[PDB]
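*Asks:* What follows is the residue order along each chain.
6 protein chains.
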Amino acid sequence: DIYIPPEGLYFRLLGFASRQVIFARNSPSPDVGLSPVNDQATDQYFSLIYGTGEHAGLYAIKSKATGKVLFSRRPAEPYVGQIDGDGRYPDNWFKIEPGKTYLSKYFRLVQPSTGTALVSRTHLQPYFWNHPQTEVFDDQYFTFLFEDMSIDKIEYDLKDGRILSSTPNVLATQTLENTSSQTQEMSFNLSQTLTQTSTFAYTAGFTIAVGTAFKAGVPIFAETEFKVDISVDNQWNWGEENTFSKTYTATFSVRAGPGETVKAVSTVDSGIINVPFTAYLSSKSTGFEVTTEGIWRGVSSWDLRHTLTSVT
Amino acid sequence: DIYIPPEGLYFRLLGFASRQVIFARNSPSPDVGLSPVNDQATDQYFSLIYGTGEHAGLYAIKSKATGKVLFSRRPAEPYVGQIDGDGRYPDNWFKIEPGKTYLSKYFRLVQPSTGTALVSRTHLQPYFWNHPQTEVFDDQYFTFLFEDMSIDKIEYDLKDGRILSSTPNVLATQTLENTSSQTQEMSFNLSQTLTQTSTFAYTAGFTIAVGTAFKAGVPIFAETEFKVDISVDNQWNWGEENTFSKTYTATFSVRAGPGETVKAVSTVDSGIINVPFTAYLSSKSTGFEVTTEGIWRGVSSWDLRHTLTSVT
Amino acid sequence: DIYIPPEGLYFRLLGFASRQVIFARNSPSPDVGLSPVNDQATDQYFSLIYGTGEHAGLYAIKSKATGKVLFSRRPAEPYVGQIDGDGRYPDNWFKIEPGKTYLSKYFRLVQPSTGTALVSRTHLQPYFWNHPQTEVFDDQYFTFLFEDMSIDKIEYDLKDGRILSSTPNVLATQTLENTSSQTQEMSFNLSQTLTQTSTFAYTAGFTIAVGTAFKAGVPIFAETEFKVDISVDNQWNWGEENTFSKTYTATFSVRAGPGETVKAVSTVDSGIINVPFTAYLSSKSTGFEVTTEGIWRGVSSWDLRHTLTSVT
Amino acid sequence: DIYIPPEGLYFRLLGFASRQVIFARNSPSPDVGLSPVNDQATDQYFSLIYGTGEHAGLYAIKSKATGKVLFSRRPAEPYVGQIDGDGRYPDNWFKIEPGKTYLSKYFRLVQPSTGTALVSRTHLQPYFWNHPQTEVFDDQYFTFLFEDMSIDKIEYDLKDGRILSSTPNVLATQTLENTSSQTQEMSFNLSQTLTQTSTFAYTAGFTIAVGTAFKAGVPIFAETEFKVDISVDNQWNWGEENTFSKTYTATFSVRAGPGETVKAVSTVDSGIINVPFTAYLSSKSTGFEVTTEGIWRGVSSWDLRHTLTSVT
Amino acid sequence: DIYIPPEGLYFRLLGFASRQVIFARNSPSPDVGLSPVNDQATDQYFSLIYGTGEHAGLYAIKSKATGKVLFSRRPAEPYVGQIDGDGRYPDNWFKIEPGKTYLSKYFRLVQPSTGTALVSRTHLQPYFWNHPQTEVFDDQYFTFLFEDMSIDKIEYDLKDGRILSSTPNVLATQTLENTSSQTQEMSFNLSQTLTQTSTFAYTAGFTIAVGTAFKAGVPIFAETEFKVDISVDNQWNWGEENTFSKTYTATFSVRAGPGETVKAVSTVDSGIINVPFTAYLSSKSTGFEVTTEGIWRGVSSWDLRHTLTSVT
Amino acid sequence: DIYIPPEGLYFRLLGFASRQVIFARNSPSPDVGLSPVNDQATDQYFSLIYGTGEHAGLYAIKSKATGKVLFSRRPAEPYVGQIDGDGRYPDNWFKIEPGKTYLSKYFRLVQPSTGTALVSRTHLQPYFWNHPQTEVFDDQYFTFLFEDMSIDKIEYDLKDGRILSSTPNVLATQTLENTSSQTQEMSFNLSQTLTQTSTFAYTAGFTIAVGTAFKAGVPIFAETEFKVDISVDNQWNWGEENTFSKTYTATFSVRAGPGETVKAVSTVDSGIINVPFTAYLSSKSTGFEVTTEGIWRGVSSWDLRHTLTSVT
Ligand SMILES: CC(=O)N[C@@H]1[C@@H](O)[C@H](O[C@@H]2O[C@H](CO)[C@H](O)[C@H](O)[C@H]2O)[C@@H](CO)O[C@@H]1O
Ligand SMILES: CC(=O)N[C@@H]1[C@@H](O)[C@H](O[C@@H]2O[C@H](CO)[C@H](O)[C@H](O)[C@H]2O)[C@@H](CO)O[C@@H]1O
Ligand SMILES: CC(=O)N[C@@H]1[C@@H](O)[C@H](O[C@@H]2O[C@H](CO)[C@H](O)[C@H](O)[C@H]2O)[C@@H](CO)O[C@@H]1O
Ligand SMILES: CC(=O)N[C@@H]1[C@@H](O)[C@H](O[C@@H]2O[C@H](CO)[C@H](O)[C@H](O)[C@H]2O)[C@@H](CO)O[C@@H]1O
Ligand SMILES: CC(=O)N[C@@H]1[C@@H](O)[C@H](O[C@@H]2O[C@H](CO)[C@H](O)[C@H](O)[C@H]2O)[C@@H](CO)O[C@@H]1O
Ligand SMILES: CC(=O)N[C@@H]1[C@@H](O)[C@H](O[C@@H]2O[C@H](CO)[C@H](O)[C@H](O)[C@H]2O)[C@@H](CO)O[C@@H]1O
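Chains as they are written, first to last, in the UniProt record's numbering: chain A, 3 to 314; chain B, 3 to 314; chain C, 3 to 314; chain D, 3 to 314; chain E, 3 to 314; chain F, 3 to 314.
Don't take every hint at face value.
Note: identical chains are not told apart, hence a pair may lie in one copy or across any two.
Heads up, simulated DSSO-like pairs for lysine-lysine below, C-alpha to C-alpha not over 27 Å straight-line [as the list claims (entries may be wrong)]:
1. 161 x 248
2. 248 x 155
3. 248 x 229
4. 265 x 97
5. 286 x 107
6. 66 x 265
7. 229 x 265
8. 286 x 265
9. 248 x 66
10. 66 x 97
11. 265 x 161
12. 217 x 248
13. 265 x 248
14. 107 x 265
15. 229 x 102
16. 102 x 155
17. 217 x 286
18. 161 x 102
19. 229 x 107
Honestly, the hints are just simulated from the structure, not real lab data.
The shape of chain A in the complex, shown without the other chains:
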């Protein structure tokens, strides 16, 4: 089931074919049409009005710049445009039909009452028009290019963390710090770095744009639970694999035997790990709130061990 925004969220209607966005303004000359994306052109933003009654399950597309609603009809010219009255006419209601395969994140905006589908193309004129809904062409598909949203918070569902793999990794094996006997001091210093992995994968809810940059603590396995490592301050990219460093540092000393050659082996458990999470976002322009569910996954390490053993 594709994600359809609620009434207070704004978006751009990007065409698969034209690779351009629909615009609706009060001037210049042409009131509605297509244009290359310009994140600041209020012109290019719309929100939806959820149909009710006999329109339940349908939607009206409202211009943020004009407040007017889009329409699509086949008899009267022009076949498409704007109009007042938030869905006053049957011409303002559309059915959202998700595509398949390469068009799975796209959809047709079909207006039932007239059996017409919106068109967004650059090869034929008018670029923004409609077509008899029964003959499906690729240039009738649209995808949501949502407004800039800010990631306010990431909350992991730690109780459900899970370890997918685990192999011990010896950080500092070599350790032949010795003497003959009755010394008094032998200190060890551990400083090893492992390149870790991080990926925040979409599961459900609001469709955060792939690549969106943000910061958050990342999961860590303690000994019997998962915890959030707030130290990691790297910049992540939504839905993409990121890498970050994890350095293990430790200082310990050993010496109090009849005569030994102290040995220290620092070891950690490394492997793949994933944890569910919810992200809270809000509109930068409005503050409108939404959530997104996801699964975080990455190569990590845990259970740092220091084993001391004497030799003679």
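Add chains B, C, D, E and F with the ligands to chain A, keeping to what the hints say.
*Replies:* Structure of chains B, C, D, E and F with the ligands alone, referenced to chain A:
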């Protein structure tokens, strides 16, 4: 080696540049040209005629709507079009030259005899034309947009299943169901759910369109073999990672000692797993059959354990 | 931080919108403009001249075919074009502004002194023009389509290899080669094949084009170190997952007891593994050198074991 | 260091050679001499009077029947006998000289002041006499044949228990209680017996006679501590290995899956184990108290496990 | 409960004090008395006649040489001797009273009807006499010195074998048999000897004399069961620890890789083990049969492993 | 095969029955006879003269005090005694016939030429006599009561050490030495004592008297070999189980993390262990040398581990 369809399979010739498909009809006015995809326009489908003799290794592109074959020549006008006689003229044979990098799933359709390459563009006219084969431009590349195929069957090669990782995961650890002694009944109920993973990756054979929706049992590791779990009835998307739930349920009771505090620990082995498979497909319009080889991979769980231990 | 080429490396400036490359020649008629990629058109290659002084942090875009530099101004017509003097005029310096989200691998070429941004479109004329830098449109973004580079060498940083997972896999379990007693010979032959995995992932440095084909040994885990398996001679594709076969073959015989039924179990450790690496490349036309850092990852196997045990 | 009884404990003086006990009575005719043991003849019991002053480290041997003390002199006849005054004369003090090898649990009773040693023989007359202390003969050795003591209590030092060995032992392996699916009940009954071991070994303190019969709980390993199993009510023999039965009984049922063949494997950890202990004894005739330290050792079992696993 | 022989088994009555055996003959002069053991003197053998009726629980001691029965009375002289009629007189019945501690394997032969106990001493005359049963002296104790019995068979209860400990022991670790590559032959020879242990401990039934020499196979652990190793042909001594050698020999060759340094590690599991058993014996003079239950225990080894691994 | 001393070793001939030793002197009156042991009476020591020629396999018993040899004949009186000429007469040669069962460490001294066996008794006169060799009585058995020997050295065959059992034992588990973060010092002190075991068991060679006290280092398992722990300075008793203390002491400190609660777990491997050995002894009076082979066995511990782990 790119996948070239056999003689009975239909497809659309999508251009890298124009992002449009070639069409060949008997009318209206222009007989051949470019058009946005329309899965129902017979107009846009072609199949290949495998060259033989001195043409072995070359192909003729036959219109499904017209039966006519495409041609490409540089002296006589028009330089491209249709013509009867399934490869009667040397102008009907083409060499398929796979591209590299971003064009690896695309190819040029070069007609040797004339040293000309087909062209599919929208920036210059004619949109469907040809060019002296020696000067390679991006708008000379095409990719196969195969006909809608149905996935009739998935057959796993279970003998070759393989476990990539494995870590024990305790589903229900806590279990302090007690009394002092000589009770008579202490029953346990286990109900834990794990989010699993599923991906059907292409290996060879017919190139199933990424995203194609279908249903099939998914692999499972028994104790010494792999088996197909037919219960999982989720809808998969070819070549993409899907998730699904696996719930473990169990009821067992323990009590017959001198005086105990029965403890139950339910545990499973979880980790990554993959298994080879063959998919059998057939043309929805013709029933023409083909196969696709692939490797299925996913996070799974297995070997559910229930350990009972008394305490006093 | 996006990768900006040094002064001696050539590239094409591909537009996000137009999906076309900028060209600068001495003739025919129009000197600069847009064109579909043609890897042999010297016309389409440029290199950068690193600004210094008050221009430090800015760049001039030099035509490889003409030696002339690009410019962008808003008063005098034409607003864009070529000109001698490697950055003689303030009009030749540009600021490279990386985009975000879907435009993260793209950037604007803004000329500060005039507050103008280059434009690359096919929907409006002139196709190659500029726009008041303050109004950002999608057709103002460009990405680097670097010159054909050759991968001369792959050097792994073996000391940092790491095992992400590990599960024992018994290749040949069944082995009931017997007799009663005092025989004299019982030989075993092992021949098992496992499909392995290989991926060379970009980490930093020169951005090798995804898909680039090349050959190199692949990492292998010995017993206490990682080593390069030079036998694997498959063709890899940069930044993509490849598969390859690994066959284990072995012949051993056992017999010298009071009366036994020799059993042989061949086993290997399989799991995921990754190792850092540096790739050395050079321009095919110039020999200009660069490097790329990356992490190699794949499903592998190691520690082949043969265990013999008698039965009676 | 041999165990010398305190002043209130009674004993018999058994001779190595004569294999007979010393007696001291008021009548019949001969007042002191040798006799076969008769546990009821008060005649044969003596206790010691710890010398003090210049006699510190020496002892007087007091008759329980007569109260008189033994003496040994070489000039005046008879050379040995009884006499009043609890050590009034220098002739009443003896030095206890432990033997070696086969005489390690025996000792000479040498009277320094006169350089004479007591004699207990049956081959020459007088049977009970003395000899010039400088010429050591075997018939000058004695051992303590203590009075009947009762073992009132055994207290183990559980904190110091120790596991010497441990191997898992599967009690009930076979378990193929099945059906096809959706049954509802499958109960299991475990009843297995293991022959255990028990030995109470002397360490220090009062020398309990080997073989002495008594009853006490025996050590058991819980999961993280040792505990006393009070159920075992077998009769032990001090300082000797005893065996006893341990039966494990358990009843548990399992069934609540999509279709399984429930399997149950009952397992225990068996091995050698030992624990220190103190025994409290008291004179049956007097109630005089003493203690004995010892180490208990035996083959035991612990950590009974029940593992349930489904099959299909 | 002490072991009392059935009616057909012969024995000598050895006295604790006298350390001599009772004899009953028809001549010379003294008919009954004491004598140093002489295994061939029929004179010294007796068997028992189980009392019945009011004598149930009592026994008559019958001379094997004379057929006459022993008697004990206090009025008429002599107080002890022989007499016809297998228990005709009340004087022929005795109660067997086991001693404690050092006398636990000894017993008094008390004749109730007269309140008299048999006496066996060498310090007073008559050496063989009796005493008022109420005054217990050490020289009233006897032990059974059974007739020479032959151990016809040892049958182990293998199903109940048990492993008390287990630690892996590498027989032949070192193994660096190599070459560079493509050799063709590398054979290994294993010959290691371990000193094993063997003890047949009495549990119940006939009391086989400690030290009795005999031969039998000894237990061995296969892989899932215990088996009898019939190869071990050492001479055992009943109830005593014996040692014996176990040599592991094996010849195996390995070579068929791209280039290796074959390594072989031969390993075994060693530890303590015990198994119950029954011994079948019979009188050498009569063939009278009996059985003895026991537990066999010893340090053993099992599960010989040969692991081959290549190096480069 | 019983141990027969070589020609230069002295011993006493102790009788089973008489429990007395044979003596041969030049005066007083009776030249040969029996006597209670007196370790200083040269009178009681003899050595053997190995027969050769037709006497090979027989021995003469030579008096150390007199140099004369023992004899045994049945016609001429006295039947036994001394005589010059180290075996001059056939009467001086004896066959040593080991007994069985309770007489396995005893033997008859039979003089073939006359068919007579030596006798050692106290119940009949003469106490030291002989008897017609064909009628075997218990008082014809003798055992060797060797001269006082000194244990000069114990040499273990470390290469053959063997671990019979092994279970980890945590000495100091509890360890919650903490703070919040950035402290700087946290030191640990380990001091735990384990009661160990020691037994030197006879295997072959000279029969060292049971109980003989001596001192020697005891075996210890390092990590890959056995070594002698020379610290243990306890007094051992040949052929008997001894106990001794082993204390593990260690001081180590840990602290250098972002914020932790350092935990330390000290652990050791404990279990049963045995090692072969040879003992070198020599006569205290002569210095005559001999050796004894044996197996040392005991409960020990090894591989002390210190594991440090942080908590938060
Ligand atoms: C002004 C008007 O109504 N024009 C229409 C054309 O747009 C229409 O062309 C097609 O429209 C579809 C839209 O999905 C595709 O863009 C297709 O490529 C076009 O051919 C034609 C009928 O086909 O009718 C009028 O001319
Ligand atoms: C009608 C005709 O023959 N026209 C051709 C042009 O198409 C041709 O233009 C180029 O064609 C290639 C095809 O690969 C690219 O589209 C390129 O961008 C075009 O410039 C020119 C020669 O270049 O010749 C005629 O005009
Ligand atoms: C010749 C000239 O200066 N023309 C310009 C137009 O290009 C310009 O149009 C826009 O340009 C931007 C470039 O980022 C986009 O392509 C946008 O879609 C166009 O509308 C207009 C002003 O908008 O001004 C002149 O006509
Ligand atoms: C009455 C008296 O004084 N008699 C002694 C003997 O007892 C003594 O004999 C020895 O005594 C020792 C005691 O340790 C042993 O029993 C030894 O076998 C005896 O020979 C002799 C001197 O030896 O003197 C008196 O006769
Ligand atoms: C001929 C006769 O009846 N003599 C008895 C003695 O034997 C008896 O002596 C004791 O017998 C017991 C037997 O258990 C012990 O051997 C003890 O040492 C002896 O003293 C005495 C009474 O005591 O009576 C007669 O003399
Ligand atoms: C002086 C002499 O020759 N006396 C012998 C007795 O010793 C002998 O007695 C037996 O000797 C054996 C020795 O093994 C046992 O001690 C047995 O108990 C005695 O009976 C008898 C014959 O038996 O002959 C002479 O008297």
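*Asks:* Does each hint hold? Answer for all of them.
*Replies:* Comparing the hints with the structure gives:
1. Taking the closest pair of Cα atoms, residue 161 and residue 248 come within 27 Å of each other both inside a single copy (23 Å) and across two copies (17 Å).
2. For a Cα distance limit of 27 Å, the shortest separation of residue 248 from residue 155 inside one copy, 23 Å, qualifies, whereas the shortest one across copies, 29 Å, does not.
3. For a Cα distance limit of 27 Å, the shortest separation of residue 248 from residue 229 qualifies both inside one copy, at 15 Å, and across copies, at 25 Å.
4. In this assembly of identical chains, residue 265 and residue 97 lie within 27 Å of each other by CA distance neither inside one copy nor across copies; the values are 72 Å within and 56 Å between.
5. Proximity of residue 286 to residue 107 under the C-alpha cut-off of 27 Å is found in both arrangements, the shortest distances being 24 Å within a copy and 24 Å between copies.
6. Proximity of residue 66 and residue 265 under a CA criterion of 27 Å is satisfied in neither setting, with 70 Å inside one chain copy and 62 Å between copies.
7. Proximity of residue 229 to residue 265 under the C-alpha cut-off of 27 Å is restricted to the inter-copy arrangement: shortest distance 20 Å between copies versus 31 Å within a copy.
8. Proximity of residue 286 and residue 265 under a CA criterion of 27 Å is satisfied in neither setting, with 57 Å inside one chain copy and 48 Å between copies.
9. When the C-alpha separation of residue 248 and residue 66 is checked against a cutoff of 27 Å, the pair qualifies neither within a copy, at 46 Å, nor between copies, at 45 Å.
10. For a Cα distance limit of 27 Å, the shortest separation of residue 66 from residue 97 inside one copy, 20 Å, qualifies, whereas the shortest one across copies, 33 Å, does not.
11. Taking the shortest alpha-carbon separations for residue 265 and residue 161, only the inter-copy value of 21 Å comes in at or below 27 Å, while the best intra-copy value is 38 Å.
12. Proximity of residue 217 and residue 248 under a CA criterion of 27 Å is satisfied intra-copy only: 16 Å inside one chain copy versus 32 Å between copies.
13. Taking the closest pair of Cα atoms, residue 265 and residue 248 come within 27 Å of each other both inside a single copy (24 Å) and across two copies (22 Å).
14. In the homo-oligomer, the alpha carbons of residue 107 and residue 265 never lie at most 27 Å apart, since the shortest distance is 58 Å inside one protomer and 49 Å across protomers.
15. In this assembly of identical chains, the alpha carbons of residue 229 and residue 102 never lie at most 27 Å apart, being 39 Å within a copy and 31 Å across copies at closest.
16. For the identical chains of this complex, residue 102 and residue 155 are inter-copy neighbours only, at 20 Å across copies versus 33 Å inside a copy, given an alpha-carbon limit of 27 Å.
17. Only within a single protomer do residue 217 and residue 286 lie at most 27 Å apart by alpha-carbon distance; the minimum there is 17 Å, versus 41 Å between protomers.
18. For a Cα distance limit of 27 Å, the shortest separation of residue 161 from residue 102 qualifies neither inside one copy, at 36 Å, nor across copies, at 34 Å.
19. Taking identical chains as interchangeable, the C-alpha atoms of residue 229 and residue 107 are never at most 27 Å apart, the minima being 35 Å within one chain and 34 Å between chains.
Going through the hint list in order, the structure does not satisfy hints 4, 6, 8, 9, 14, 15, 18 and 19.
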